[PDB]
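Asker: Based on the sequences and whatever the hints tell you, model everything.
So you can see what is in the structure, the chains are spelled out below.
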Amino acid sequence: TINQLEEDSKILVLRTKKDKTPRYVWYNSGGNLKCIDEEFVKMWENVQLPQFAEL
Amino acid sequence: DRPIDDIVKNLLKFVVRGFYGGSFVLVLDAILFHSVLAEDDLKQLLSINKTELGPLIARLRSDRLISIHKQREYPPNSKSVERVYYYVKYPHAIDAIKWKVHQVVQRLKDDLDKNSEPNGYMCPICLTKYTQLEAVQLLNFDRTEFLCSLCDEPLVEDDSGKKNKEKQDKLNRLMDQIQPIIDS
Amino acid sequence: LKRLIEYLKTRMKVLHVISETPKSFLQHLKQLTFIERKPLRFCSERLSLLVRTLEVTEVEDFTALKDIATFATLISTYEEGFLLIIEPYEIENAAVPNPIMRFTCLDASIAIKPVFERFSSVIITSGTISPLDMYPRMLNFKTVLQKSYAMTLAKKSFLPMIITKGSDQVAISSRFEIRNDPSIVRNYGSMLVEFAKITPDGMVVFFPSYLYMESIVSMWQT
Amino acid sequence: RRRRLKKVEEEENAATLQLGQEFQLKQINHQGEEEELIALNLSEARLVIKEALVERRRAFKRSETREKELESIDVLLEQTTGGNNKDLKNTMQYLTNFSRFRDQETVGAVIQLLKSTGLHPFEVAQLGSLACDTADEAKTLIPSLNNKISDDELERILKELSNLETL
Amino acid sequence: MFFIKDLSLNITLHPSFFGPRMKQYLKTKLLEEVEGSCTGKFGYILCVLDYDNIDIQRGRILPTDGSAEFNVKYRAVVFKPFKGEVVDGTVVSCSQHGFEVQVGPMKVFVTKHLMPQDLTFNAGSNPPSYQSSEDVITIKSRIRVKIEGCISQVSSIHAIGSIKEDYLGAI
Amino acid sequence: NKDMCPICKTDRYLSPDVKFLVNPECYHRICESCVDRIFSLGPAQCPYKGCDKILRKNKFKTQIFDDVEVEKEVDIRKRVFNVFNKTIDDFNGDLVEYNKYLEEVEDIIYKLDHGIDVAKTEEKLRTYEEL
Ligand SMILES: [Zn+2]
Ligand SMILES: [Zn+2]
Ligand SMILES: [Zn+2]
Numbered sequence: 220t221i222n223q224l225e226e227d228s229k230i231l232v233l234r235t236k237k238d239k240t241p242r243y244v245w246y247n248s249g250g251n252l253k254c255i256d257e258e259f260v261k262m263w264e265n266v267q268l269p270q271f272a273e274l
Numbered sequence: 002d003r004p005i006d007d008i009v010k011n012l013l014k015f016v017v018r019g020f021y022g023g024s025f026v027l028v029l030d031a032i033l034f035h036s037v038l039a040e041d042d043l044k045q046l047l048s049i050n051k052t053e054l055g056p057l058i059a060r061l062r063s064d065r066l067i068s069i070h071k072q073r074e075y076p077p078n079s080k081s082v083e084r085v086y087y088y089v090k091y092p093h094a095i096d097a098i099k100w101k102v103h104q105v106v107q108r109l110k111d112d113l114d115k116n117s118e119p120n121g122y123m124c125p126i127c128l129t130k131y132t133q134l135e136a137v138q139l140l141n142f143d144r145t146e147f148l149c150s151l152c153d154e155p156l157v158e159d160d161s162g163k164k165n166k167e168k169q170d171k172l173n174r175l176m177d178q179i180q181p182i183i184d185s
Numbered sequence: 335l336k337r338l339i340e341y342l343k344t345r346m347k348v349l350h351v352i353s354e355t356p357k358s359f360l361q362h363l364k365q366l367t368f369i370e371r372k373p374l375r376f377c378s379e380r381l382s383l384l385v386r387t388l389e390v391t392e393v394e395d396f397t398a399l400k401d402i403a404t405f406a407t408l409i410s411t412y413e414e415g416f417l418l419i420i421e422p423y424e425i426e427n428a429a430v431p432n433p434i435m436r437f438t439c440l441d442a443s444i445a446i447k448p449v450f451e452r453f454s455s456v457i458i459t460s461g462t463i464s465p466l467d468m469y470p471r472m473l474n475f476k477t478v479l480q481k482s483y484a485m486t487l488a489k490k491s492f493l494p495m496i497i498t499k500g501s502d503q504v505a506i507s508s509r510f511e512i513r514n515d516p517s518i519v520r521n522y523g524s525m526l527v528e529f530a531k532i533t534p535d536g537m538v539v540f541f542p543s544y545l546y547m548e549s550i551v552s553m554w555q556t
Numbered sequence: 011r012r013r014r015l016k017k018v019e020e021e022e023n024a025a026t027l028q029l030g031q032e033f034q035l036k037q038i039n040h041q042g043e044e045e046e047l048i049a050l051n052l053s054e055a056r057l058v059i060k061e062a063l064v065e066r067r068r069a070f071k072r073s117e118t119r120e121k122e123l124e125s126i127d128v129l130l131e132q133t134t135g136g137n138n139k140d141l142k143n144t145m146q147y148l149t150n151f152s153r154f155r156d157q158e159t160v161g162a163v164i165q166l167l168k169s170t171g172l173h174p175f176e177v178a179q180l181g182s183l184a185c186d187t188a189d190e191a192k193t194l195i196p197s198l199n200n201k202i203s204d205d206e207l208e209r210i211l212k213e214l215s216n217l218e219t220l
Numbered sequence: 001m002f003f004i005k006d007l008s009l010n011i012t013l014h015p016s017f018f019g020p021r022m023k024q025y026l027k028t029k030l031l032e033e034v035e036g037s038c039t040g041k042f043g044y045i046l047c048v049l050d051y052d053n054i055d056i057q058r059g060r061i062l063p064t065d066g067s068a069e070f071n072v073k074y075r076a077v078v079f080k081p082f083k084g085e086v087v088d089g090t091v092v093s094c095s096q097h098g099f100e101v102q103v104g105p106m107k108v109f110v111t112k113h114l115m116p117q118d119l120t121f122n123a124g125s126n127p128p129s130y131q132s133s134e135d136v137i138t139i140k141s142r143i144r145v146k147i148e149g150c151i152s153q154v155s156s157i158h159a160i161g162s163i164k165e166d167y168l169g170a171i
Numbered sequence: 009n010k011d012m013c014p015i016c017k018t019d020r021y022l023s024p025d026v027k028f029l030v031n032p033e034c035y036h037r038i039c040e041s042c043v044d045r046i047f048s049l050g051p052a053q054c055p056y057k058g059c060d061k062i063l064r065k066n067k068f069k070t071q072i073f074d075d076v077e078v079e080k081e082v083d084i085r086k087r088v089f090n091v092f093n094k095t096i097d098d099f100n101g102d103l104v105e106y107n108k109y110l111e112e113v114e115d116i117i118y119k120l121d122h123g124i125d126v127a128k129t130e131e132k133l134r135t136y137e138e139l
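Residue numbers (the authors' numbering), protein chains in the order written: chain X, 220 to 274; chain W, 2 to 185; chain 0, 335 to 556; chain D, 11 to 73, 117 to 220; chain G, 1 to 171; chain 3, 9 to 139.
Take these hints with a grain of salt, some might be off.
DSS-like cross-link-like pairs, simulated, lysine-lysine; straight-line CA separation at most 27 Å [said to hold, decoys possible]:
| id | chain 1 | residue 1 | chain 2 | residue 2 |
| --- | --- | --- | --- | --- |
| 1 | D | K60 | G | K112 |
| 2 | X | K229 | W | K44 |
| 3 | G | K83 | D | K201 |
| 4 | 3 | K119 | 3 | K69 |
| 5 | 3 | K67 | 0 | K336 |
| 6 | W | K163 | G | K112 |
| 7 | 3 | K132 | 3 | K80 |
| 8 | D | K201 | 3 | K67 |
| 9 | 3 | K80 | W | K115 |
| 10 | D | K60 | G | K5 |
| 11 | X | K237 | W | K44 |
| 12 | X | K261 | W | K163 |
Examples of chain 3 residues toward chain W, derived with CB under 10 Å [to be verified]:
| id | residue |
| --- | --- |
| 13 | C16 |
| 14 | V43 |
| 15 | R45 |
| 16 | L49 |
Simulated restraints on C-beta separations [claimed, not checked]:
| id | chain 1 | residue 1 | chain 2 | residue 2 | range |
| --- | --- | --- | --- | --- | --- |
| 17 | D | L27 | W | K71 | 56 to 62 Å |
| 18 | 3 | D25 | G | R142 | 40 to 46 Å |
| 19 | W | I183 | X | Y243 | 29 to 35 Å |
| 20 | 3 | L22 | D | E213 | 52 to 58 Å |
| 21 | 3 | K27 | X | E273 | 36 to 42 Å |
| 22 | D | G136 | G | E69 | 18 to 24 Å |
| 23 | 3 | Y56 | 0 | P373 | 33 to 39 Å |
Hint data in this document are derived by calculation from the structure and do not stem from the laboratory.
Ideal Cβ positions, reconstructed from N, Cα and C, are used throughout, including at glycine.
Answerer: If you want it as structure tokens, here you go:
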């Protein structure tokens, strides 16, 4: 039930790196979790900050 | 509460759900729920190891979705440590979101423009590229094939221009996905 | 009509004040839209005929078309004594700009000239028309006699008084930029209080503008 | 003289009239004074090169149809100059093929007709070189001519260039 | 395009040519080192103008080589291509990568990506050519082409052509 | 959309460099960056889906009016009135004949706008501008 709630994006849960075992569930106050594709995620990852006070 | 606070909370939630993993979502949602949150507070709520929150907090600070305070107090047992507080700076965070998505759009335009100049060629033996401008310095005496300057091998065709429509489609799929971000 | 309205929409997207003649407006409209003055002069009549034989039940959508036809006929048949003012800001207090287009009649004698051409005997009359020689110049008409009567009274029935300062000799004025001056507002309030105490039945207080009255009454209540 | 690196500059493009810092409109000659940049059309270049070759043949001695023109300039070339004349032979052949005007009076008429316009030397040499027909074709062949010459003036000057075209 | 420019060259004379006709030897080495020589700074230099009066000043002896260095200033006709410039020419070679057009002393290679899509290679023809629905481009064919790219080395210049714009192509 | 360029998918908000470039043959909300990316190398077909008209780079211009139909109507009106410029002086004061000429001009402008008789009206326009 936690699983289909997770792909329904109704709850938030973290899983272990060895296996996808739910241990602690929260409420998804935001929207759906898979809106942004993974290559856009890395494409977002590709950029960085020069400094602080200019912006 | 305040409607602009609701909008910036949903914007931070959307960007952490989109460009970041589930543990990042949990940490930033905890920051948005409890306004300030120390390291033991994140540990108590999320059951997350110090080494596990390491990359999470490092990424969130390097993107300025959360910021840190280095205040130490004086507890009655006098076992004081320089604890750290994690909270959110709303204007710096939203300005970081604008700058990141804006310049991401900018060099996506740069990448599709670089695709939009014609493809040129590349030598499979030496794994070096040679555009059309300098391939004509490397054409043969038979005036048929471009020969490599080092390998002396006929140049093969690249694919910078066959994927221009694919890059345009990827740009479109980025934009319709980030429409809530621009509306916020 | 649609291309005229679109030309008006293009004309209102100007970030500064335009003060232009109807002849210049017609020349610009002709060079950018190919609309002449003569088809514009029949615009209201043509719209009325078209609406009549369309026999429409609802005209709430066509009220703005009446506005456009009225504007077109006015700015087409009138070129001297009129002026078009395009303002990027209708009000300066608003955050978002709201453009406005005003076709204004600068000559008050234009609307009254056919009256004096038609009627032989006109008696311009007012209780408080002064100065009398201003009006035969300001409106182009000739007057056979202009006079103001002095009322004969056994006792002086009315007391006109000009108060230039408060009770404590602080000067009083109603110019719009110092309307928030506490001394002047307090002096006006004290004046109104004393006059309300010593006036038996009624008392009418006239203010230079509604915004001035709103501000000074609100801070009087404060 | 300043010693800045000044490595940033715009790419040399014919449409923007950027021909490089040493193909500017003013050129300091060997006598020291400034002079307008001498830009030649194809027929003008052919006549200047032929005049130089016959003057050099005169100096060496003292010290028309396409078929006869090609052999005459070939004998002139081999009589005048010595080695490494592949490039010069190709220029001579190219100019005698694509030479719009034959003689000095017609070509000088082209220079004075284009100097009546008061236009850029690159642009007038392009007009004298390209065998254009219409004004819009001239504008799309030379993007440098945009917002420079009116359409009626362009079409008439190309009309008498078409009239001056011979053989 | 063809230009006329003031040019200066440092030329080296071997000591064997230190005779009474050293100026004549200087002018002849100016000829067979400048005429037809390609430089990327000043374009293809074709012919030397004003041969009767060529500016030759005093020539410095090199302190180790022993040869004389003359800074000769002269007038010459040059040919420098530029990006975005329309020139006419004739095709001299064809291939599946493209075809070269001969303008002046320079071969401009037009790639196969820079023709209209109706125009296709035909290697079965002798010579191999490019054929379309309305025209054919072969060897020794008059053709108008726009140069949209130029590379210039110290001693070589190569250009890229395209005929995808309207009112270009064969004449 | 009236705010963003659908071809390059850029909002006016984050990218203020987009402009209201259209073409007389097909009126498309397309930006200057898209125009310079596509049509600078050569003429091409309309990048918006469902349209494949050939069009040139030098024919692009900015749209004056907000309505596409009004913009194309005034452009067609210009393309008619450039060769049709008879006035009351050309008709020698014949007011009814001048009115009938204005009727014919508005008829052919409406026909070119709606494409109902585009071939015959184009033929008539050509054989009347040849004189
Ligand atoms: Zn290689
Ligand atoms: Zn665009
Ligand atoms: Zn289209």
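Asker: Please go over all the hints and tell whether each is borne out by the structure.
Answerer: How the hints compare with the structure:
1. Distance hint between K60 (chain D) and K112 (chain G) is unfulfilled; the C-alpha atoms sit about 37 Å from each other, more than 27 Å.
2. For the hint linking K229 (chain X) to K44 (chain W), the alpha-carbon distance of about 23 Å falls within 27 Å, and the restraint holds.
3. Distance check on the hinted pair: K83 (chain G) and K201 (chain D) sit about 20 Å apart at the alpha-carbon level, within 27 Å; holds.
4. Distance check on the hinted pair: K119 (chain 3) and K69 (chain 3) sit about 24 Å apart at the alpha-carbon level, within 27 Å; holds.
5. Between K67 (chain 3) and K336 (chain 0) the alpha-carbon distance is near 25 Å, which keeps this suggested pair within the 27 Å criterion.
6. Between the alpha carbons of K163 (chain W) and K112 (chain G) the distance comes to roughly 14 Å, so the proposed pair stays at or under 27 Å and holds.
7. Under the criterion of a C-alpha separation no larger than 27 Å, the hint pairing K132 (chain 3) with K80 (chain 3) is consistent with the structure, at around 20 Å.
8. Taking the CA atoms of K201 (chain D) and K67 (chain 3), the gap is near 17 Å; set against the 27 Å cutoff, the hint holds.
9. For the proposed pair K80 (chain 3) and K115 (chain W), the alpha carbon gap of about 35 Å is over 27 Å, so the pair is violated.
10. About 17 Å separates the Cα atoms of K60 (chain D) and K5 (chain G), which keeps this hinted pair within 27 Å; it holds.
11. Distance check on the hinted pair: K237 (chain X) and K44 (chain W) sit about 20 Å apart at the alpha-carbon level, within 27 Å; holds.
12. Proposed proximity of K261 (chain X) and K163 (chain W) is supported: the alpha carbons are some 23 Å apart, at most 27 Å.
13. A hinted interface residue such as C16 (chain 3) counts as satisfied when its beta carbon comes closer than 10 Å to some beta carbon of chain W; here the least separation is about 8 Å, so the hint holds.
14. Taking 10 Å as the C-beta cut-off, the interface hint given for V43 (chain 3) is violated, the closest approach to chain W being about 13 Å.
15. For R45 (chain 3), the interface hint holds, since its Cβ comes within 10 Å of a Cβ in chain W; the closest pair sits about 6 Å apart.
16. With a cut of 10 Å, the hint placing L49 (chain 3) at the interface with chain W holds, because the nearest CB-to-CB distance is about 8 Å.
17. Taking the beta carbon of each, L27 (chain D) and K71 (chain W) are about 60 Å apart, inside 56 to 62 Å as hinted.
18. At roughly 42 Å, the beta-carbon separation of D25 (chain 3) and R142 (chain G) lies within the given 40 to 46 Å, and the hint holds.
19. For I183 (chain W) and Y243 (chain X), the hinted distance range of 29 to 35 Å is satisfied, since their beta carbons lie about 33 Å from each other.
20. Range check, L22 (chain 3) to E213 (chain D): Cβ separation about 53 Å, and the 52 to 58 Å hint holds.
21. With their beta carbons about 28 Å apart, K27 (chain 3) and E273 (chain X) fall outside the hinted range of 36 to 42 Å.
22. The beta-carbon spacing between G136 (chain D) and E69 (chain G), approximately 23 Å, falls within the hinted interval of 18 to 24 Å.
23. Under the hint 33 to 39 Å, the C-beta atoms of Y56 (chain 3) and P373 (chain 0), about 35 Å apart, fit the expected range.
Against the hints set out earlier in the document, violations occur for numbers 1, 9, 14, 21.
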